[PDB]
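Visitor: Below are the chains, spelled out letter by letter.
There are 2 protein chains.
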Amino acid sequence: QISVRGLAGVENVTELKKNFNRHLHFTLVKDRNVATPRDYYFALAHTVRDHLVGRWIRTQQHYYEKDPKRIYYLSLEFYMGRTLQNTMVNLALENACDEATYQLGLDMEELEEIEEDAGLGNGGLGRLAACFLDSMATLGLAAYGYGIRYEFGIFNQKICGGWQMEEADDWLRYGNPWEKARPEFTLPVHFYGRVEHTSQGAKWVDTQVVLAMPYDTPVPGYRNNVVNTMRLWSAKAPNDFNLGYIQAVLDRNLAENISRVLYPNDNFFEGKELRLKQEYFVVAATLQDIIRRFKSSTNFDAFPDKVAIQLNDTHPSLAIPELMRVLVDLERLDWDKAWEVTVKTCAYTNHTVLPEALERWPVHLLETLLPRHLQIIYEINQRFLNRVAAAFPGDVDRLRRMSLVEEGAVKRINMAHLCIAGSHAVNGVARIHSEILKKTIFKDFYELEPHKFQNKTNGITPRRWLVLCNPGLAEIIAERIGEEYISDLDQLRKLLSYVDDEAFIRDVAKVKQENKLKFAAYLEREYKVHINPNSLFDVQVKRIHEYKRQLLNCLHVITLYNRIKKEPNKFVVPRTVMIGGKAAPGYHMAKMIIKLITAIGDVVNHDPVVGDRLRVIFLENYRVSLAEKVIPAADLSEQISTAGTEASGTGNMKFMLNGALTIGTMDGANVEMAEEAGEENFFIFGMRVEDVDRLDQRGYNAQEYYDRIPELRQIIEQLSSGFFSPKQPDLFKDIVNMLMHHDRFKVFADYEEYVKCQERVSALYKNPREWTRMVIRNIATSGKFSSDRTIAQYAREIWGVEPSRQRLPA
Amino acid sequence: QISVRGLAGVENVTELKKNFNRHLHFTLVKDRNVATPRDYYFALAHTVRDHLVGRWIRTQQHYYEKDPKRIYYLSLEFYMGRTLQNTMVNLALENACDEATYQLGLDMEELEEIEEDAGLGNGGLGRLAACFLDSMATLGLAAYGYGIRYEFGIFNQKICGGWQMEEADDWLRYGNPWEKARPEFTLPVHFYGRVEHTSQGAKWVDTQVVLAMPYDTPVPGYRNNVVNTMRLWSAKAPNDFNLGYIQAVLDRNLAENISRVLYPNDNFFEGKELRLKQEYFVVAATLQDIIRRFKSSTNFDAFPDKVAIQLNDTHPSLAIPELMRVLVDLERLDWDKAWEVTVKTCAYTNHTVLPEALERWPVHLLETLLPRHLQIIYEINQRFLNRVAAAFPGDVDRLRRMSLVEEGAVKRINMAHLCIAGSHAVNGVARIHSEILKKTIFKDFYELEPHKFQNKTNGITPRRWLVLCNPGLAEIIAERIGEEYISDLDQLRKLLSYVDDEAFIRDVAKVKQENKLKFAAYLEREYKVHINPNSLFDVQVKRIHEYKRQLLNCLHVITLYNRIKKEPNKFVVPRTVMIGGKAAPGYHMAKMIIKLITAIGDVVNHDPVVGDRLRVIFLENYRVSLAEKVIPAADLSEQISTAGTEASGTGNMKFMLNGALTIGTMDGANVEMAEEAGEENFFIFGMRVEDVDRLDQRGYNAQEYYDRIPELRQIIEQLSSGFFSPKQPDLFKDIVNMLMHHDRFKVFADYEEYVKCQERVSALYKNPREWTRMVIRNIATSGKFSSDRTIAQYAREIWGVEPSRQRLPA
Ligand SMILES: O=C1NC(c2cccc3ccccc23)=N[C@@]12O[C@H](CO)[C@@H](O)[C@H](O)[C@H]2O
Ligand SMILES: O=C1NC(c2cccc3ccccc23)=N[C@@]12O[C@H](CO)[C@@H](O)[C@H](O)[C@H]2O
Ligand SMILES: *Cc1c(COP(=O)(O)O)cnc(C)c1O
Ligand SMILES: *Cc1c(COP(=O)(O)O)cnc(C)c1O
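For the record, the sequence lines run as chains A and A'. A prime marks a further copy of an entry chain.
If you count by the entry's author numbering, then the first sequence holds residues 12 to 254, 261 to 314, 324 to 836, one letter each, in order.
If you count by the entry's author numbering, then the second sequence holds residues 12 to 254, 261 to 314, 324 to 836, one letter each, in order.
Treat the hints loosely; a few may be bogus.
The list treats identical chains as interchangeable, and a pair is accepted whether it falls inside one copy or across any two copies.
[Said to hold, decoys possible] Pairs of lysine-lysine, DSS-like flavour, derived with a Cα cap of 27 Å:
hint, residue 1, residue 2
1, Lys41, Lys77
2, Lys478, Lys554
3, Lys29, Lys41
4, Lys437, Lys464
5, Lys41, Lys247
6, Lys247, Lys437
Quick caveat, the hints were computed from the structure, so don't treat them as lab data.
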């Protein structure tokens, strides 16, 4: 149908059809009389998987022959979403499969909707991992994603009476056709035990063994015939485990619990033993694999020339002492040589500002679980603090602040400190964030080793986040400037010469309108709710957190509502306000915010005076596949974190690419986005970082704003008095109380400037042509925010490898 | 190579080869450079599975169209063993696959050895289930095996220092290519809750739900293109289960424990809740499936014309009250009509003599777990005892003895009593056993309803147990009388006209010698032990139990040893004595017997005076696949249970078919075996049932035998004094003590007659020609012991269906 989706050759279509029927019969053991849509999805999935296989085998073969330097991306999270469409896009099979399925009398779109999200992540960090794998494959890097195959991913969110309920994401129930179990590459991982000191150095003995069984998933690059591997480990008990009889067999589940469930805390740290077991499990199994592969090329001097290990935050920080343990205790390298190898191998990406999100493991935990690793950590600390002392003689305070070991009631290891010490490169994930690392939280580490600190501004893959989710926009772009932009997104800048082209303006607005119609219809069928598709689609989708200030959004929504009620017969630009996201199960306040959103909806959406001028919708179960639908439908992207709290953000980039204007603070990558588009093409409001600091010094008194802003006082009185909760008038006292006395994120401070800025948005929306021109200026300057740019910077400036757009043979 | 293995057409071989390479590439994602024998096994397995698929789909289609009466074989055990060779035999693909693999440079036999046994059974009962499925498919019956997909089957037996160690049978580790998960046919099963009585009858409420997910495995008939289904249920938690967050997800394992592990008690009853959950789980899921299928043909009068349910012992006895519960509580039939339907649908096979093996469930267990089923059981009991009272007025004692409810400290339900009451047919598993049911343990039930009691003497499938495990013997038989005997084993009787044919005598002895050479070699490589292949192979393989009197065998072995030591320079027929089997993990005495066997081996096998004249070998990890190797190699089959204790036995039949002579008691099917062959062609010894009764009346005094038999006294003194346990002289005091004071199975009573009979065996073995002639007379009369005969009797005399040898189209 559309060009970017590839050719549908007669031969290709015929071949896909016959392979689809072969899999239905032989693979699924169904005839056409009893097959369900789900059988058809599986038959198609198996058919597309077959086109990966040749390329996967040849790619891995190629890496054995050429023996390039290998990149190991260690993450506890890969937020992959669905695989079927992504595979079709990257192998140029989408039109052929559409055609082949059409002729079988099936609708491919309906079959795509049957696929489960692989939800093995919480949000931004997990998704960044997924976007990176895509870009690494597209840039022909010999890269491997390593993580955990959780049996249960991020929970499915149900709303009951306006409250979040969690239910288990049983994503493997029907089988995963994309993974290949490799039970033959199973590896032992050790826990507990104790350290014996002998003549021949330290020995780790009397350990409990858990096996790590790898599952490999193909990662296809964009039309380059490259297929990289994502290897995820699953925990399995050894067969002698506990070995009255019956109970011993049932107790195998204790070991296998390690890979059972993803911890659902976005940007918070819980010091749980099971979480630490997950961290070591992935590190220990991965390092053995890395070393095995390296030895099939006694001399570890070349190790860093053949191996890069990237740590996705501190979650796999144990890679540093584990690498030391293997090199020192097993390979019998001296300490200094092993340390050299380790530093030159490892690099650490920080994704964290908020101190409560930083991993600080109690020493008693590490002592019991990983006795040898704790010894190695103490040794690292001593040698590190010896260098600090020599460089800064007499600065005893610096020594305290820089220690890997935090003193206190409980001693803790600061895993971030361990990562900086043991890595040749430390980066943040947007320029402002990287600067903040150098100026505040790692100021001391920066002064000792300035050379280590880099920036790598985040990005998103334009495959999933444009071509896949928004084919209509991809196509009208491709009509003017060709297809090359999909693997070279800077080419979108050529669209600035179409900003006054009437036809292009018409087409950009048409695509947006079509996406909105399609999303409105989706809301009706799947969730029995009606919305005006001619309204401005104001969407804030992201995990529910105080720093992201969904509450600020709520305050705006109630303001619009109170303004309509005061002057019912005055024109206002209609809006559909859509807020979506999951709260961490133990985060009370996040759960109250969801409840407040739905309570506002309950009042606003049933007020007859409001009409269809204002609708508030909570989007249930926000996940990757819902993001692919709602982001192409959005007009206004809400990126309204308190300045200094969002390290980067990546949602922001998704919306920029997909033809929404941004209302945001100068936070994270918002800063670079506004710089690329021009500040005049961006709705900036609120305190800068500098302003937040000024407020903190003299002290934040919310009362002052309540006293000076009547519109805000009204809202707070409504909340307090039960306007939004008639049956339980005090339901939201925790929210009021926090806003008035304990608001770390200064919601009131940005309120006035936000509401004013929101008025400027409405004004521009009244002028479709000028709205769409500003949209074009955004899309056209979004090139920097491709993960291809990001990975190319990682490769040249950290990993020491050159990317390539050259194709492997087919 | 050999004719019974089928044709190797040029086309067939070429096609198998290309499909093997296709699966290696696309299914396994391997090239030939990195593939292991295990990858080759899987490629072959997937290639053979493909030939089942067409036939499986067409067979199930046929049953929908023709709508024949359906047979449901409910068992907690299916001891299937390996599937690959069996599939090849039944589809006539064995020579073609041999040829195809040969040309790929692989050895098919080596690939067969990589397949795991499906060990979802303990021994005789589980294997009977497997043999039956084979015969049901071969006889074209619309039959379904229903059971539990245990994650862990019967444990792997290791011997350490002569002691049994158990380790977990992780049979699914590498995947099961033979099963098809059917997650779309998942069904809820209920536990706990309580009963509400309303206007509209009883309601079972506030239950815990476990889901039952079916896995289907194909069961091919012998060259008739019929493929039946074995459906096994796996337990899965619902997604709202327990739904702090993390722990709720981890607690899902409590529900899934139901299908985790097979209980390893052969012929013993443990009243464990988890075992009762397994029993209900398989019953509840199966009955829903049965009813669903029946409704796709409100009127249950035809239910018994369309459904037969066979209960494999009492393990699925809850099918009776469950069927009543569904019909009465859900379908709203009146009690009497529902009861009629139930009785006419259900039939019960008893496999049990020993009272400690009979299932007697505490009422408090059923009360908590299955409140409604207990109500229905009490109601069944009342109405049943009302009929007893009317037929036998005043016989209050009979009422007590026949009650489904046993009075005592703990009240118990006698599940056997429930099965007789609720079934139209009750059978034992050999003639002597069926008579004993009528004369002793169910005498009362027989007098009330004589029409219900039948015999169905057990059998073994000649596919696995001749063609598959002993191709050389199959072939020389086929040379003379053709191939038809494989599906009509009575034709073996034609071999009696070859008993004086010199060439046939030569060939039978040659095959035996080749099997022995091959098995001797197997012992050397896999277990570093050497044996004389010219010795008589005396084998006793079966689960370790007191009633099977492995100890009697031990007494014979020590007798031979003491006789050699007394007269070292006298000729004795050389013997390799091989004893194998598993003990239940909590059965102390069975574990001591294994230890004694290995301790005798430790003395006998290292005595230089003995030479290679006597060797004692404990065969480790006896299982179906080891039985396929050792049974064709055997000369003497040891079937030496105390008269009245072995319900049937089936090992006995396997050896008869495979050219071993039998030494046995008149127990179980031994009686019918001797009647078929002629008593002169069988080594019968020991007490009959009548003799055991006579001994019990006056009392069994072991001392008397010890006092009168010097040879036996010597053995007991050796055991006591530490001759067989020098470092621990009192190691075997429990064994001595039991033999002398607490022997329920009267080992000493049969000792003299056993040893004498063993001398007659040795004498005949000195005369090869006459030994082989007697072997021929055994093989030739083994036809009755085909499971095809057995199933044909079940079908005509219980299920009311006619078997068929007519082929479905290919
Ligand atoms: O989305 C994120 N979660 C965590 C994060 C920070 C700290 C601890 C965690 C623990 C688990 C999961 C995620 C985290 N960090 C985040 O990383 C993204 C990728 O660079 C950034 O765009 C976000 O601005 C940042 O908030
Ligand atoms: O092998 C068997 N196990 C049990 C058995 C009896 C009682 C309780 C059980 C519980 C679990 C497993 C098996 C049993 N019964 C047996 O059934 C076989 C098939 O008819 C007979 O040939 C055996 O003579 C008999 O011993
Ligand atoms: C991109 C993405 C995120 C990250 O969004 P932010 O707005 O940067 O927090 C979270 N969740 C999903 C499902 C995404 O696709
Ligand atoms: C046939 C068989 C049995 C039953 O043997 P008996 O001697 O009748 O107890 C037990 N186990 C296996 C592995 C078998 O093949």
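Visitor: Now tell me, hint by hint, if it's right for this structure.
Guide: To see whether the hints hold, each was checked on the structure:
1. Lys41 / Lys77: between (44 Å within a copy, 19 Å between copies)
2. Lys478 / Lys554: neither (54 Å within a copy, 60 Å between copies)
3. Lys29 / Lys41: both (15 Å within a copy, 23 Å between copies)
4. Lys437 / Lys464: Cα proximity of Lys437 and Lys464: one copy only (26 Å, versus 76 Å across).
5. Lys41 / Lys247: Between. Shortest inter-copy distance 24 Å satisfies the 27 Å Cα cut-off; intra-copy 32 Å does not.
6. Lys247 / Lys437: For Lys247 and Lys437, neither the intra-copy (32 Å) nor the inter-copy (42 Å) Cα distance is at most 27 Å.
Hints 2, 6, counting from the list given before, are not met by this structure.
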